[PDB]
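**Q** Please model the entire structure based on the sequences and the hints provided.
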Amino acid sequence: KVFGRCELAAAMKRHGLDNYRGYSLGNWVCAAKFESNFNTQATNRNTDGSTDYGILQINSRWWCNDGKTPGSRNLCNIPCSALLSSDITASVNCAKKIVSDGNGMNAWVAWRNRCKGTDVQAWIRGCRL
Amino acid sequence: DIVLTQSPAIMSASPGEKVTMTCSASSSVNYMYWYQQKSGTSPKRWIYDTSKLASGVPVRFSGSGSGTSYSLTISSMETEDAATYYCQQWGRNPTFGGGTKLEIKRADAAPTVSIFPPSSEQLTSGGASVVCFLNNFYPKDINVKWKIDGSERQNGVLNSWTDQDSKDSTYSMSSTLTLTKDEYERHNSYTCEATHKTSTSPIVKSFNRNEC
Amino acid sequence: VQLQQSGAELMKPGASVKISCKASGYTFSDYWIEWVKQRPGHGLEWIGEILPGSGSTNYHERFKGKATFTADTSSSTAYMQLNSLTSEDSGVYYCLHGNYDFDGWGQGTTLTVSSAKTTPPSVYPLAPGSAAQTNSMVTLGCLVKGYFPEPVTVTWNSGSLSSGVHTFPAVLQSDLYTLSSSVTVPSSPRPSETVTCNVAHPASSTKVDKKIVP
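Residue numbers (the deposited numbering), protein chains in the order written: chain Y, 1 to 129; chain L, 1 to 212; chain H, 2 to 215.
Cut-off 30 Å, straight-line C-alpha distance, at most; resulting in silico cross-link-like pairs (DSBU-like, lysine-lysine):
#1 L:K38 with H:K19
#2 Y:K1 with H:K23
#3 H:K118 with H:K67
#4 L:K44 with H:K65
#5 H:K212 with L:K205
#6 H:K67 with H:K23
Which residues of chain Y face chain L? A partial, calculated answer using Cβ under 8 Å:
#7 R45
#8 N46
#9 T47
#10 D48
#11 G49
#12 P70
A short, non-exhaustive set of chain L residues, derived as facing chain H with CB atoms under 8 Å:
#13 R45
#14 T112
#15 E121
#16 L158
Source of the hints: derived by calculation from the structure; they are not laboratory data. Where a beta carbon is used, it is the ideal one built from N, C-alpha and C, also for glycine.
**A** Here's what the structure looks like:
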């Protein structure tokens, strides 16, 4: 389902992602834009036999379980398939855990590349929230 | 993504012999997967996650490797391990290697060659195929030279081979020279001539009478 | 249950075909189904895959745009659509499973992309006449010429002649296939006993029995 910036921004604010840890909404909506382009259903394979799932592209080696990745730690303790739903809660709950490992949002390739050090509050400019 | 190359292409082995086939990747891969295929059926996942045996693979198979070089090793080769084993990197976008055909060796056997004149029926269409069957030989190497009225050669030759026969691992071959009724009746001897390990002498079978 | 696929297809260039994979026997929604193409001669190519529950689809670079996967949740079916079919699209397409609970594959759907008409084969008998003794065995055969598309099932004496048979793979010539089969019996059954090759061409309704006469 392709979310749309301020619709996603509202849903994420509601789910406590505004200043979660100390990252304002714009970071999360930014990551969601460059990781998945707001499409909940997005999957992508990586070079080790693991796939990235959903809107926040949480990977199956470390974070969720998809029944076929070698080395599955499944830290978020959720089936990866649950991350593909049109309501972002299993993805937001797993995202809260990823941030809590003492590495911040660096865990997200596209937040790093396209959102670290940018004016991330542009991502909610003109959004009702 | 990565290009994978399997050394070698075809291998012979007796039962009781140890087999190791190698799969090399142009760039490092994290894991390898081996699939087997018996001609007649879909591939079956044999080895997965580099060394894990899939449900029903006999324990005598093992997979190993790291980075670039991986391998599949059968300790006691058994007849039912004759198949093609393919390897695969299952990364960002998977690739399979070209396979290594495993056929069992069983000592050299001479082909029984036979030549058949075109049927009345085919000459009634205006075509004339001369069929030659070289049956039941090992090894696969066979050379087939066609002679017409002595030293000639021809081009309507359609060669076809059988896979290694299951009840005793021999090979069979078919050569068909298709001619038009007038190229045919304008001649008289036709010779099937075979070259193969087992002989110095070309095995020749001929009929020389498209006229009477 | 199983992974049962669609039957073989014959299609012209330019058309689009869709192949079913009825994956029944588990929680369909939950497991990725992969699709692989086997070009006899080149071997395997990995096309892509679909996780039916979400409809998340992952493709290999080479097939993004030639392939589209969908899944019908209510019939436990996955579909692979191949569009703009060219001669190079002829092959055997497999759907499969690659996970730790099960790794089953389907048997494949053969695709032929050509414009050549369904041509019934001609069956020509191969008898020796002058059996210049090979040994004490006579070999007989059947040449089946000019059919399209493949397959052809050649049988001998309606299946009774199982042993000694050798059907050789069809070769393609000018848009038609030619296949041969040989049977070997002691030089006491021919002519005294009948030997017949039952050639059936399912793509037509060709049922032909050639009694090999001397």
